[PDB]
Amino acid sequence: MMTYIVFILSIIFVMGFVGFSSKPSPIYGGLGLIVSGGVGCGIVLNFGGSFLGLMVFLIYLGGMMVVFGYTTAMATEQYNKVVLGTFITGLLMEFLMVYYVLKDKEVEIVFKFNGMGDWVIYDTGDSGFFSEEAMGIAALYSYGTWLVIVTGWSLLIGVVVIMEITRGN
Amino acid sequence: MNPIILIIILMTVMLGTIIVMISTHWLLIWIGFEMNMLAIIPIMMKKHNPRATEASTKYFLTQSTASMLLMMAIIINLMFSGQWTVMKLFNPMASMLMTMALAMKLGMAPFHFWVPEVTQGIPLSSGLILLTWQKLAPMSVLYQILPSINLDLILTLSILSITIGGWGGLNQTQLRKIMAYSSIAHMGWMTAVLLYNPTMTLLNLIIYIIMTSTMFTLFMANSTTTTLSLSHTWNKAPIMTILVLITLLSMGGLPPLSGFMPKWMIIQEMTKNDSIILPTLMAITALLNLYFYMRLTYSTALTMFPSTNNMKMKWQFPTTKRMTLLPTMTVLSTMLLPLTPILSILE
Amino acid sequence: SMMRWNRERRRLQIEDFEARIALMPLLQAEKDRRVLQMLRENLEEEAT
Amino acid sequence: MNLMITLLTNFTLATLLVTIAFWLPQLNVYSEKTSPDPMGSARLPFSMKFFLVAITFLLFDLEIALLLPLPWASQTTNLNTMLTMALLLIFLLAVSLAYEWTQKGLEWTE
Amino acid sequence: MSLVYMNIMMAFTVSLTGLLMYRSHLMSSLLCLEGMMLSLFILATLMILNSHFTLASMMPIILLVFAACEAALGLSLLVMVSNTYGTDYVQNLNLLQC
Amino acid sequence: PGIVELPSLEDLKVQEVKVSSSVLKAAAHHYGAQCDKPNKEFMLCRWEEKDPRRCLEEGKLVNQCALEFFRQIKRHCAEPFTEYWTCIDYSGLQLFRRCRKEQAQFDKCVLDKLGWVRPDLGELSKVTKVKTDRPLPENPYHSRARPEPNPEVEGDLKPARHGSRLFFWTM
Amino acid sequence: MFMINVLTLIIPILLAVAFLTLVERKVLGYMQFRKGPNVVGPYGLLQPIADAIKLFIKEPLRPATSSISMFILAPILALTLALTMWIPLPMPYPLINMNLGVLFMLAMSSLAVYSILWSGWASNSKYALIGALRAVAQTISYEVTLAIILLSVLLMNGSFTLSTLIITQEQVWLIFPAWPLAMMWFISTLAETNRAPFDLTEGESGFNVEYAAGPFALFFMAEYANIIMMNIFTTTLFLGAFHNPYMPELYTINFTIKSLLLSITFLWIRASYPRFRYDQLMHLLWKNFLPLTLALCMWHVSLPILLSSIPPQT
Amino acid sequence: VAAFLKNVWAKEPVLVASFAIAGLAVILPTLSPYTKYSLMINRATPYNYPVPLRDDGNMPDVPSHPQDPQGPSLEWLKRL
Amino acid sequence: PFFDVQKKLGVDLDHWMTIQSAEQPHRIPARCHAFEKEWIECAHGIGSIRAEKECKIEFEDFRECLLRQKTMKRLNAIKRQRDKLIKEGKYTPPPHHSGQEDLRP
Ligand SMILES: CCCCCCCCCCCCCCCCCC(=O)OC[C@H](COP(=O)([O-])OCC[N+](C)(C)C)OC(=O)CCCCCCCCCCCCCCCCC
Ligand SMILES: CCCCCCCCCCCCCCCCCC(=O)OC[C@H](COP(=O)(O)OCCN)OC(=O)CCCCCCCCCCCCCCCCC
Ligand SMILES: CCCCCCCCCCCCCCCCCC(=O)OC[C@H](COP(=O)(O)OCCN)OC(=O)CCCCCCCCCCCCCCCCC
Ligand SMILES: CCCCCCCCCCCCCCCCCC(=O)OC[C@H](COP(=O)(O)OCCN)OC(=O)CCCCCCCCCCCCCCCCC
Ligand SMILES: CCCCCCCCCCCCCCCCCC(=O)OC[C@H](COP(=O)(O)OCCN)OC(=O)CCCCCCCCCCCCCCCCC
Ligand SMILES: CCCCCCCCCCCCCCCCCC(=O)OC[C@H](COP(=O)(O)OCCN)OC(=O)CCCCCCCCCCCCCCCCC
Ligand SMILES: CCCCCCCCCCC1=C(C)C(=O)C(OC)=C(OC)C1=O
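In order, the protein sequence lines correspond to chains A, B, C, D, E, F, G, H and I. Each residue of the first sequence is one higher than the one before, starting from 5 at the first, in the numbering used here. Each residue of the second sequence is one higher than the one before, starting from 743 at the first, in the numbering used here. Each residue of the third sequence is one higher than the one before, starting from 77 at the first, in the numbering used here. Each residue of the fourth sequence is one higher than the one before, starting from 54 at the first, in the numbering used here. Each residue of the fifth sequence is one higher than the one before, starting from 23 at the first, in the numbering used here. Each residue of the sixth sequence is one higher than the one before, starting from 40 at the first, in the numbering used here. Each residue of the seventh sequence is one higher than the one before, starting from 1383 at the first, in the numbering used here. Each residue of the eighth sequence is one higher than the one before, starting from -13 at the first, in the numbering used here. Each residue of the ninth sequence is one higher than the one before, starting from 74 at the first, in the numbering used here.
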C-alpha cells in the first residue's frame, strides 16, 4: 500500500475538492482549499518537484489564500441539506470510481486510465550534478526574455488597474 | 481617469491582442488573453455606477471561466502531443474544450447571455471597444485551428447564434442591447462560413467591424442611448438621420449596399460544398435583423416624432465632438459593393 | 574576502566535477550491463 | 520518509498538548456562569485601506515569485541577458512601488 | 495512461461544476475558480516533470502568477459590489435585466 | 510488432570493480589520466551507436583496464592510498579539500613508484579525439524513408485570364 | 532511532521556551533597577514550573465561538508551525537535510498567519477581529521584506541549502559584506514575531482575547519558539561559526552562544523604546525599508558579476 | 541642480541612498574589467561529459590525451 | 489571422519552448527525444493533410512513448497471469525476483 502513496494523496486531493466545492460557507471553503492545496503540493513533492511544491506553499497558500481569507473576514458576517447532499454524492462517485479502478486495473470514462501504481512511469536514469526542474526554472532569465517582459508588464498593469477601480472616481 | 493612464491601458489592450495574433505558443495565447481582459476591465468601469460594476463582474466571471477552459484544452493537447505549437490539435476533447472556450469568449449562443447585459451596463465608447476589438483574437485563434474543429458543433453554434440573436433583438428598445444581439447574429454568420473558406470569415469580420463602428460613432455623436432619444435627432441634425438610415439599411444586408457583400459571398461559398438548406435558413433568419433595423429607421429617419421645447436651446449651439473617421466609415459601409473583388487581398 | 573565497570555491567545484567526469564511463558501463541483465531475467520469467 | 514521520510527530504532540490544555479543567466542576468589545452590535465597517494593502502585498508577492530563481539563474553562460532581465524585474518592482507612492496609495497606513 | 491524471481531471471537473452552479455568495464562485487553477497547476506540473521537458518547468510559475493577478482583480470587483450593496450576494447583481 | 533482442546471461558476465564510491573518488584523477583510451573508445561507441548491446565489449575492456589500474595501485602504494581514501570516506559530502596532506603523500608515493602525474584543472574536462576501427553507424536512429516533398513553384507570373472571373466583374 | 532524534529536538525546545520566559523576566528586572523572581526557587529557577501548573489548572473562559473547528485548529497550527521550523536548521548537521531549506522556512513563515486569522475569526468580538486583521496586514507586509532580504543575501551563497551557509562564512562573517541587509533583516524579524516596538496588540484588543488560559499559554509558547528559531536563523545567516568536521561540539557551542546573545538583544530592545503607531510602522516599511531593500537587492545581483565572484551552484 | 541634491540629501537621505545604490548597480558592471572573467568562469565549468570526436585525420588542435599541450587552458583561473 | 512577425523580423520570441526536442539547457535530453525528432523529420514540408496519413507510424511510436498505454497493458496482463498462476499454485517465483539476488555492481 506504500507504493500507492501518490494515488492515495490524489484521492485526498479530490475529496477535499468535493468538500470545498459543495460551498458550505466561504471560510470553510477557504479552509478546504488550503487543505487541498497542501495535499497537492505533497503530490508534486512526491513526484520530484521540490521547487514547484514550495512555490505552491509560498505563493498559493502563504501569500494568496491569506488574501482570500482576509477578504472573507471583511465580509460574510459571522453567525445545510444541499451541502450535505452534494458532499455525499461526490464521495459516492469518487469511491465508486476507486472501486472500479482497483477491481479491474483499467477504466474508461473519457480517456482510458490504468489501475496500476504510478511508480511505473518513472525514469531509470540519474540527472547528474543538477536537478532538471531548477535548471528549467533558472533558464527564465537567459531564455525567457519575452516571457519575463510580458509577465512583468502584466503585473505592473494589474497594480495600476487595481488602484484605478477601487478609488471610486 | 488620467489621460496617460488611459493611454497606457489602451495600448495594453492592443498589446494583448497583438500577443495573441503573433505568437506560436499556446501559453503565449493564454497570456495575451489575460493581459487583454485585465487591461480592458477599467475601460468598462470608467463611470463608477453600480451598473458598470455589475457588468464588469459578469464579464470577469465569464472570461475567467472561458480562460480556464482554454488552459484545460491546452494542457490536454500537451499531454497527448508533447508540444505547444499553435496549429491543429491532437485530441477531440481538447478541440471541443477550446472551441467552447472561444465561443464563450466571443459570446455566441448558447453562451450569449452575458453580451447584452454587459453592453447595456457600460458606456458607448467602451461598448464599441468591446464589440469591435475584443473579437479579433478569438477569431484569429479559430483561424489557426480549423483542421481540428468539429463541423457539427460549430454549425450548431452558428445556427443557434443567428436564430437567438434575431429573436432576442426583436424585443429590445435600448440601442446597446440591439447592437449586442446584432453582434451575436453576425458572429453566427462568421463561424458558419469558417470551415469552408476562412477568407469569407475575414471579409465578414472587417465589414461588420466597419458597420458597427459607424453606428456606434453616430450614437456617441448624437449622445443617444434609447430609441426615442434617437428619434429626437430629426429636429437637431437631419444629416445624421440620413446617415443612420443608410447605415442601418446596409446593416440589414440590403443590396446594393456594402452589407450585402458578406452574406452574398458566404452563400456563394456554402453552395459550392453542397450545403443548400443552411444558407437559406440563415437568410430567412437574417430577415429578423432586417426587421428591427427597419423599425429603428421608421422611428428615426422616415417619420418625424414629436420634439420638446428645449430643442431650440440645443439649436443655438454647434457640436464640438471629435467624430473621428465618421465620414470615412460612413462611406465605406455603404458604397463598397462595386469593389467586391477586393476580397482577394485577404487570402 | 568574498571574492577570494568564491574564486577558490569555483576552482574546487571544477576539480570535483572533473573527478566525476573521469569516473563516470565505468558507471555507464556497469549501468548498461545491469539493465540488460534485468531485461533478460524479466524476459525469461515472462517466457515461463 | 523521515520528514513525514517528523511532521506527524509534531502534529500529534501539538494536538496532545491542546487536548490536555482544553479538557483538563473540564474535569473541574467550578461553576456555571451566565455572562449577560466596545461596540455592542455594530456591523464591521468595510475599510478600503486594509484591502488595498492586502492586494499590494499579493502583487508584490507575485513579483517575488518571479524574482526567486535568481541564485540558480546567475550560473548561466548568458550573463549579460540574465543581468539585464534581473535589473528590469527589480526596476518594475520599484516602478510599481513609486506609482503606489505618488497616487496616495500608501495613505493613512503609510 | 496513469491514475493520478484521472484523479486530477475529476478534481478539475468537480471544481468546474462547483463554479458553474452558484449557491449564494460570489466568494464561493471565486474559490471554485481558484481551485480549478490549482488543479491545472498540478496536472501540468506532473506532465512536465514526468516528460522530462526541462524548458517547460517555467510554465506553472507563469500560470500561477497570471491567475493570481486574475484573482486579485476578482477580489477587487467583489469588494466594490460589497461596498455597493452591503453583501456579496449574487441575487443583487440583477439590475441589467432591463 | 517485432521481437526485442537481448544478449544472453553469459555475455553479461564479467568480474566487477568491487570498490566503494570513496575508493573510486580518491583515485579518480589518476584513473582518468591513466586509463583514458579504452574509456574514451567506449564513450565514443556509446554516443555513436546509441545502443548498449553494441558497446558491451567496449564496456568489458573498460572493466579490464580499471581492474588492472587498481592492481597496479595495490602493488606499490597500498598504504598511502588506503589512508587517503579513508579520510575521503569520513566526510559527509566527500570533500577533496579536507584531505590535502594525505593526497600529497599519495601523489608523491605514486610519482616516485610508478611515474604517475595527476592532471591539472580543466585537463580531464577536455574534448579529445579517438582513433577507432569500427565503422560509423550510417543510420543509428533506424529511420525509414522520408516522404517526398510537394512540387514547388516554377515559372514567371502572368496576369489572370479575364481578371477575377467573379460573377459579372470584367477585372 | 530517528524518533530519538525527533524527541531530543522537540523537548529541549519547550524547555528552552520556559526558561526564556524566566530569563526575560529576570533580565528586564535587572535592566529596570530591580530583581526578577528569586523567591519561588533559587534565583527563580522554579518559576516556569509553578506558572505552567497554575495556567494548566485555570478555569477556561468557555466562549460563544462562531466556529469550534478553527477555535481548536488555530493553536494546532501555531504549535505545529513553531516546531516544524527547526528541522532544516544546521547544528552543524540538520535533522532533515533539505536542498531548499531556506525557501521551506519562508513557506512555513508565510503559512504562520492563519493562526492569527482563525483566532480572530473564531472569537465573536468584532474588535478582536479588527485587531487580528491589522496584525495579519503587518505580518504579511513584513514577509515581503523578509523575502527580498533573504533573496539578496543568498546571492553570496549560491543555493538555498542551509548547510552551505556554514561553508560560505568559512573565511569571514557575512555581516561584513551585508551589514545594511543585516540591520534591515533584524528589524524585520523583530516585527515578524510581533515583538516590541511592534507589539501593537498589547497597546491601545488582542486576536486571542476569548481564548482560554491554556490555549493562550500554547500561543505564547509558540511565539517564544518562533523568537528563538528566528534568532538562530539570523545567527546562521550573518554570524556563521567555525565548524570542525571532527568536533561538531565546537560549532554547537559557538552558535548557541551567538544565538543566546541575539535573543538577549531582543529582550534588550523590548525594554528601551516606546511602541510604534500602526501607520508609523507601515511608513517605516513601505517607504523606508522597501526602497533600500530593492536598491541593495539590485546591488547584490549586479555585484558578484562585476567582481568575478559567482558562488558555486553545488 | 547642486543645491537640490543637498536639500534632498538633508530631507530624504534614504531615497538618496537608494537611488545612488541603484545607479551604481546599473552602471558598474558595464564598466568593470572583471565581467569577462565571470563569463569564462561560468562557461568553463564542466557540468556534462566532454564527448570525444572520431579522428578522421585532420584535427591538429584537438588533443589525443588530457595532458597533451593543445586544448583549452585554465592557468588564468589558477592565477587570476 | 496569424501575422508571422517573428519570421518577418528575425526575432525568436517563443520558438525555443514550442517543442520538446529543441535546444534545452545543459544538453538535457527528454524521454521521447528520438521519437519526436523522427515525427518532425516526417511532417516537415508536406502539410498536415499528407502528414496525417503518410508516416503515421512515427506518430504512433511518439504517442506510445508519451503515454505508454500498450506497455502498461502488457505489464498488467503479465502480472495478472502471474497472480492467477501463483494463487492456483503452479508457479514458484525465482530467488532474484524475491530480493535474494545481490545485484551486480
Ligand atoms: C543582526 C545584527 C544586529 C542588527 C542591529 C541590532 C541592534 C540595533 C537595534 C536598533 C534599534 C531597534 C529598534 C527600533 C527599530 C525601528 C526603527 C528603525 O530601525 O528605523 C529605521 C530607519 C527609518 O528611517 P526614518 O523613518 O528615520 O527616515 C526618515 C524618513 N522620513 C523623512 C520620510 C520620515 O532607517 C532606515 O530605514 C535605514 C535602514 C538602514 C540603512 C542602511 C544604509 C547603509 C549605507 C548605504 C550607503 C550610504 C552612503 C550614501 C551612498 C553611497 C554610495 C556609494
Ligand atoms: C484581419 C483584421 C485584422 C485587424 C485589422 C484592424 C482592426 C481595427 C479595429 C478597430 C477597432 C476600434 C475600437 C474602438 C475605438 C478605439 C479607440 C477608443 O478608445 O475610442 C473611444 C474613446 C473614448 O473617449 P471618450 O472621450 O471617453 O469617448 C466618449 C465620448 N465622449 O474615444 C472616443 O470615443 C472618440 C470618438 C470617436 C471614436 C472613433 C473610433 C473609430 C475606430 C474605428 C475606425 C474604423 C475601423 C478601423 C479601420 C478598418 C479596419 C477593418
Ligand atoms: C535541562 C535542565 C532543566 C532543569 C529544570 C529545573 C531547574 C531547577 C532545579 C531545582 C532547583 C532547586 C529546587 C529546590 C526545591 C526545594 C527543595 C526542598 O528542600 O524542599 C523542601 C520542602 C519542604 O520540606 P520539609 O520536609 O517540609 O521541610 C522540613 C525540614 N526542616 O519539600 C518540598 O517542597 C517537597 C519536595 C520538593 C522537591 C523539589 C526538588 C526540585 C524539583 C525540580 C523539578 C525539575 C527538575 C529537573 C527536570 C529536568 C531534568 C531531569
Ligand atoms: C504518590 C505521591 C505523589 C503525589 C503527587 C505529588 C507529586 C510531587 C509534587 C511536588 C512535591 C509536593 C510538595 C509541594 C510543596 C509542599 C511544601 C511547601 O509548601 O514548601 C514550601 C517551600 C517554599 O516555602 P514558602 O512558603 O514558599 O516560603 C517563601 C520563603 N519565605 O517550597 C519549596 O521549597 C519549593 C517547592 C517545590 C515543589 C516541587 C517542585 C515543583 C513540582 C515538580 C513536579 C511537577 C511539575 C513538573 C514539570 C511540569 C511542567 C512545567
Ligand atoms: C488544518 C489541517 C492541519 C494543519 C496543521 C498541519 C499541516 C500544516 C503544518 C505542516 C506543514 C508541512 C509541510 C510539508 C511540505 C514542505 C515541503 C517539503 O516537504 O520540503 C522538503 C523536501 C523538499 O526538499 P528537497 O531537499 O528538495 O528534498 C530532498 C531531495 N533530495 O520534500 C520532501 O522531502 C518530500 C517528502 C515526500 C513528500 C512529503 C509530503 C507530505 C504530506 C503532504 C502535505 C502535508 C500537509 C497537508 C496540510 C497542509 C496545511 C493545511
Ligand atoms: C536611475 C537610477 C535607478 C532607478 C530605478 C531603481 C530605483 C531604486 C529605488 C526605488 C524607490 C521607489 C520609490 C521612489 C519614490 C520617489 C517619489 C517620492 O516619494 O516622492 C515624494 C518625496 C517627498 O516626500 P513627500 O511628498 O512628503 O511624501 C511623504 C514622505 N515624506 O520626494 C522626494 O523625497 C524626492 C524624490 C525624488 C528625487 C530623488 C533624488 C535622488 C538623487 C540621488 C543621487 C543620484 C543617483 C543616480 C540616479 C539619478 C537620480 C535622479
Ligand atoms: C509543555 C508546557 C510547558 C509550559 C508552558 C509554557 C511555559 C509557561 C509560560 C507561562 C508564562 C510566564 C512564565 C510569564 O511570565 C508570562 O508573562 C510574560 C506569560 O504570559 C502572560 C506566560 O504565559
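Just so you know, these hints were derived from the structure itself, not from any lab. Among these hints, one or two may not hold up.
[What the hints assert, rightly or not] Below, in silico cross-link-like pairs of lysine-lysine (DSSO-like), each with a Cα-Cα straight-line distance of 30 angstroms or less: (1) I:110 x F:168; (2) I:110 x A:116; (3) F:168 x F:140; (4) A:116 x I:81; (5) I:110 x I:129; (6) I:129 x B:830; (7) F:64 x F:168.
Evaluated hints:
no. : hint          : in the structure
1   : I:110 x F:168 : holds, 28 angstroms
2   : I:110 x A:116 : holds, 26 angstroms
3   : F:168 x F:140 : violated, 35 angstroms
4   : A:116 x I:81  : violated, 43 angstroms
5   : I:110 x I:129 : holds, 14 angstroms
6   : I:129 x B:830 : holds, 15 angstroms
7   : F:64 x F:168  : holds, 25 angstroms
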